[PDB]
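Here are the chains, one letter per residue:
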Amino acid sequence: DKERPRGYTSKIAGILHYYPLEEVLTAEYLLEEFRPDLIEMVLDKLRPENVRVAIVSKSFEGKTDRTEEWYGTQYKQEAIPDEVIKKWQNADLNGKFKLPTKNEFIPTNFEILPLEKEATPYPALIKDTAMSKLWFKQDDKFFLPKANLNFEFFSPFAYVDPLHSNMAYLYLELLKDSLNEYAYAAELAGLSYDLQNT
Amino acid sequence: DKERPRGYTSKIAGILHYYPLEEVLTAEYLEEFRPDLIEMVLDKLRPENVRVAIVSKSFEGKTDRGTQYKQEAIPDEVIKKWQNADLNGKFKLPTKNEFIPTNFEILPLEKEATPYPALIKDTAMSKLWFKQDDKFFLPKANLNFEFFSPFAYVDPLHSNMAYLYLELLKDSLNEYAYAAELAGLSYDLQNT
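Just so you know, the sequences run in chain order A and B. The opening residue of the first sequence carries number 426 in full-length UniProt numbering; numbering runs sequentially from there. Mapping of the second sequence onto full-length UniProt numbering: residues 426 to 455, 457 to 491, 497 to 623, in sequence order.
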């Protein structure tokens, strides 16, 4: 997607200190050398022996003995017991863990459908029935092989009272939580979605 | 109940022709038991003297006479079927009306009585407006309740359901409540 000018200039301005002139546009996207030694090198730092762990919870309220000076934040600091460390350094294979598999959602058809004879500058209502109103506009500007599909589903029972509103919400949260595993590949593959109660 | 003047005069003087002056007020409520007349009238409620009229759209087109209708002699065979009615065990005389009132005490006007209704309970669930009668002094009362719910009128379907709900409830109470109604105790139940 074409960037907003202010962000584009700001971002590139930041990264010019790190990359040759010729590569500044692509340096953040384009991978070129496969380097398993560096990947392994970084993996070697993710070890229980240089770890820092911080837990944030209201349950520690009153159970703390230190105060950060500048903001007033109340906290406790403690050494992790070597035995916990030891157990972690010996983290075993579980098998519940697998690498992900091939992302089947990767798009491969990028053809831009031709602009219709009868194209119009604003969206047109191309279907108008009791159940549904469909506004449609074929892209005549951007010419990327993408689309946006938006739907409002209307029902009076979504907002009749507080209880029903709470239920609509919990419903949609549950649905998203349940779709998440399947939808994530798609999201990596430049396909995302947004689902919320109104 | 105190009568409307027009109705009182109208009702009365329809009776002065039948009763001595002194009894005319009481003449219509309180007098002679006449089992011979009751049976006499019962002897008139017989199939050989009966008139039957059925009103139905199902007769549309089957008529020949502003109002369209058909007239027909009832077949004598039908007369006979009626004349031979046996006793049916599903039919019983009514029983004692248990709803008959017997306590007529007029509670004395409370010290804290107010001329208009007072709100005597004001909670999240319910608002109770109350007034003890300080005028009429008959041993009667009226109890009115509005039950509010948004789900009664949220959409056409729900309004229909609220209604059918109440018709079914009244249809089911009807048998028991009718006795109460004869005994000057009635009720009204409807959707708003």
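Please note that a few of the clues may not be correct.
Derived Cβ-Cβ restraints for the label pairs, each shown as a range [what the hints assert, rightly or not]:
#  : chain 1 : residue 1 : chain 2 : residue 2 : range
1  : A       : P546      : B       : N622      : 47 to 55 Å
2  : A       : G615      : B       : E577      : 20 to 28 Å
3  : A       : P581      : B       : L597      : 45 to 53 Å
4  : A       : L595      : B       : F485      : 51 to 59 Å
5  : A       : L595      : B       : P581      : 18 to 26 Å
6  : B       : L597      : A       : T554      : 30 to 38 Å
7  : A       : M592      : B       : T533      : 47 to 55 Å
8  : B       : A555      : A       : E474      : 56 to 64 Å
9  : B       : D565      : A       : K483      : 39 to 47 Å
10 : B       : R491      : A       : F582      : 52 to 60 Å
11 : B       : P581      : A       : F561      : 58 to 66 Å
Just so you know, these hints were derived from the structure itself, not from any lab. We put the CB at the ideal spot given by N, CA and C, even for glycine.
Against the structure, the hints:
1. Range check, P546 (chain A) to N622 (chain B): Cβ separation about 52 Å, and the 47 to 55 Å hint holds.
2. Between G615 (chain A) and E577 (chain B) the beta carbon distance is about 58 Å. The supplied range of 20 to 28 Å is therefore violated.
3. The beta-carbon spacing between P581 (chain A) and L597 (chain B), approximately 23 Å, falls outside the hinted interval of 45 to 53 Å.
4. The beta-carbon spacing between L595 (chain A) and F485 (chain B), approximately 58 Å, falls within the hinted interval of 51 to 59 Å.
5. Range check, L595 (chain A) to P581 (chain B): about 20 Å between beta-carbon atoms, so the 18 to 26 Å window is met.
6. One distance hint, 30 to 38 Å for the beta-carbon pair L597 (chain B) and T554 (chain A), holds here, with the actual separation near 35 Å.
7. For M592 (chain A) and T533 (chain B), the hinted distance range of 47 to 55 Å is satisfied, since their beta carbons lie about 53 Å from each other.
8. Checked against the given bound of 56 to 64 Å, the beta carbons of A555 (chain B) and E474 (chain A), roughly 60 Å apart, stay inside it.
9. Between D565 (chain B) and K483 (chain A) the beta carbon distance is about 60 Å. The supplied range of 39 to 47 Å is therefore violated.
10. A hinted range of 52 to 60 Å for the beta carbons of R491 (chain B) and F582 (chain A) is consistent with their spacing of about 54 Å.
11. Between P581 (chain B) and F561 (chain A), the C-beta spacing of about 37 Å breaks the proposed range 58 to 66 Å.
The structure fails hints 2, 3, 9, 11 (numbered hints given earlier, in ascending order).
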